[PDB]
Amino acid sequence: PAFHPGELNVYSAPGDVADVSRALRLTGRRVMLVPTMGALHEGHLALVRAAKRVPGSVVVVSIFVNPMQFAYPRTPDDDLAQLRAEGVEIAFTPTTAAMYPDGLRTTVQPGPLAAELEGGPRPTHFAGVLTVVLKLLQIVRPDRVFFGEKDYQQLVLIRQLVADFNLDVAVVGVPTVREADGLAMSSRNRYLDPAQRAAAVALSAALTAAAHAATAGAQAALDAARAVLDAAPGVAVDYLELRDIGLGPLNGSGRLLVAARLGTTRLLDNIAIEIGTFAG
């Protein structure tokens, strides 16, 4: 397949991008993978910009959504335009047929973390995610793969996949990008009406209140977050949990995670927490 450098090259066949990627790597380029669902916003552009900054980098951005056999925003044209503007040179847009010619046959079984937090009500969700991440990693064989911290549990599970199957790829976690008031950027934010968008600031306010409260201990940090969420009218909290950084249920460093509903829209956010001395 053709590859025009300094232009955006779009491939849909896995064999096409795998051949292009291999050829580029043989000629010294380091292949960077940014896996996405499409509906790209500035939080995805932060991953692209981190990938671009690796010297010698060729950036592959994949766009794929799992089929739902038994609502997700799909803006393809528009995604590719953003990529061109970022000077990405390869978009990989495989069909469902090319990814699952045999339906779901061999799959990845995550460890016990997948049954907690986001997985509690959807016990098979992360098996779906990690199966596609492993396939994309085998098709593209990147040097580095980039994920947002906004989906923190997904990130931890991806690092478990990479460690547990001895994958030769470095996983790069990229900090969440936020709107001016603190709201974490998400494709789902478009589903908030104006009142809901106003109320949704409480997630990030609660988290950053807790991160500063934490000089007083874990309980004070948790109670500060809960109070702020309790003060927010249309916010229905699904969970608010403080865990160790690898999402084991805690020492001096932790991660605080929240999930909440605003009407039908489910929002997540999370923050680094340092208990006692030092931080803040």
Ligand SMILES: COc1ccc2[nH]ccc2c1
The other form holds:
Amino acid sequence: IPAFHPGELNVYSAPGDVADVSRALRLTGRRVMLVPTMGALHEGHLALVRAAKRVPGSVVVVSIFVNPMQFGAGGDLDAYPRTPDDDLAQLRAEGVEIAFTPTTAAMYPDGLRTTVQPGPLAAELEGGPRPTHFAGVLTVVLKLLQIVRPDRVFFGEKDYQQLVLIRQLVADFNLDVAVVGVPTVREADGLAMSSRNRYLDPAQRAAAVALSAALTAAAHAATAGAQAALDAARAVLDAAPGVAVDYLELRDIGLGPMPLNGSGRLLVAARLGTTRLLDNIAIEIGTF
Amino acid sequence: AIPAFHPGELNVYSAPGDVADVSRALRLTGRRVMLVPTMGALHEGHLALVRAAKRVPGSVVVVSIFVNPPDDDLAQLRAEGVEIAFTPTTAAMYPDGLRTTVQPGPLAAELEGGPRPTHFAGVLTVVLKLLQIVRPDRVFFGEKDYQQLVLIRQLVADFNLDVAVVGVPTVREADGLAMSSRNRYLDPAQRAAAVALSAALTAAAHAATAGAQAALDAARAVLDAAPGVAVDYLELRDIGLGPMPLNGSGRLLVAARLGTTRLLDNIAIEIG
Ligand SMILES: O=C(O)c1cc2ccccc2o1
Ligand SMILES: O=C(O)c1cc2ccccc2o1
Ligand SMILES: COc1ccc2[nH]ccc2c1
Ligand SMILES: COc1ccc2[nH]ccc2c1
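Please show me the structure of the same protein in the form deposited with 5-methoxy-1H-indole bound, now that we have looked at it in the form solved without 5-methoxy-1H-indole.
What follows is the entire complex, opening with the chain shown before.
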């Protein structure tokens, strides 16, 4: 155990340090909450922190680590926004008590050796053109879960496929953690919070409202059935200047090998210039 | 509510949740939870793992019995003073089928991974799951399956698992044959010839004062003196199964087929 000053932000880089402090805290009866992040924190991340904070007796651990294993070449890894000064300041302001900021060397001292192989869901949607992306995500999350051993781990719904795959990891490896999905935080016009929003110029920012407009239109059209919901979303996206749709799919809530019934999830990914944006929404078919 | 647990008796659980709940409750009372994973059909090798686990002060011993895709086994464990047997069904372990799995590093494609390219992914997946269900302080494996032991140490290091891996020296028959459930399948000619695996390895370990090549040559000579022993490999590696260093500690591993029965053995080697 290194030092832990309660009511203050404690930053640990060494996996051993945060593991020691976490273990000590849990033994004195605190419930450890984990919010895994890649930094560049926005209000979406702060909603996760606040949800964690609400759990009685909680101590909140926010990890910040840009994980090289979930990026493919070139390219993307070097381009990910890094603003540690802002991040830690936001955490102090939220009364978070632990930030965990490991090095690449500490996380991957043996490179990529044992890794997590996701189920078939990882090959679809976001995984289609990026066949190793979710192996990278699940490997890092497993490691963070083992280092920190939290009672609960918090993820946004914005990256819905990621959230589902993390629930699969937790179930499939019998991890003793509760996965908490938090509803997507949105700008006033509906745009989903994302660290990628900073790459939209004023015009693209304006056009980008079409993703959330298309989704909310579909959710309401859905009383009239799946075809109507999908066609409403498509119509809104088609009305949008220089939104280039990658996919728009209505799936079961688990995204998996089961047909859509009364409850589903509508997912969209689209490019605005070079910026790729995701959003999704709960859909009830035939329900007003 | 924590499931029933009677100290000093064999408590048998089939539900992962029950053993998970009991192990957590026990660990909170100042017991150190020891895990001995097995595939049942227990022999003296497995009992050596149990005995090693038992001698840890404050230990409660969990033996899992699961065939990765009985009453005799439980009596043996009872006779050893083991307090928890974990006997899950396949459906209990894989309620959602094979979905998320462990992908081993490149060592898994070598040696035993030649004939069985996906064997170790299966093993590491089930071992990770048992570690997560039981959350033992220490987990015990025989050295006989050395490559498996090394891959488990890589699993533990790579995924930041909070468990100590304990390798237990191989239990042997009187003539040196490494214990294995497969031994019973050997006819008398085969069982007599099978002694060449251990004899080759012990000869190598002693020849090793004269260097790496002398050790390998001594082992090959011994295997060459046996009939009906088809050697699949004979390899000297470092202790982590990387390339052998020019001097220092290593491990010599052999695998051979006698009729339809594949046998394995390995030994510590000190070079020079
Ligand atoms: O900042 C994020 O959106 C984020 C961070 C993070 C860390 C591990 C796994 C998934 C993750 O998503
Ligand atoms: O009985 C054994 O030799 C045995 C059991 C077992 C269970 C999980 C992983 C490896 C294993 O080896
Ligand atoms: C809870 O609302 C959100 C929205 C977008 C997000 N991106 C990463 C986390 C996150 C959370
Ligand atoms: C401790 O010695 C041994 C020898 C052979 C074995 N087979 C399975 C476990 C085991 C243990």
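Heads up, when I say rigid core I mean the largest set of C-alphas that superpose within 1.5 Å between the two forms. Only residues modelled in both forms are compared. Numbering follows the first chain given and starts at 1.
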Regions of at least 3 residues displaced between the two forms by 2 angstroms or more (CA, core superposed): 67 to 70
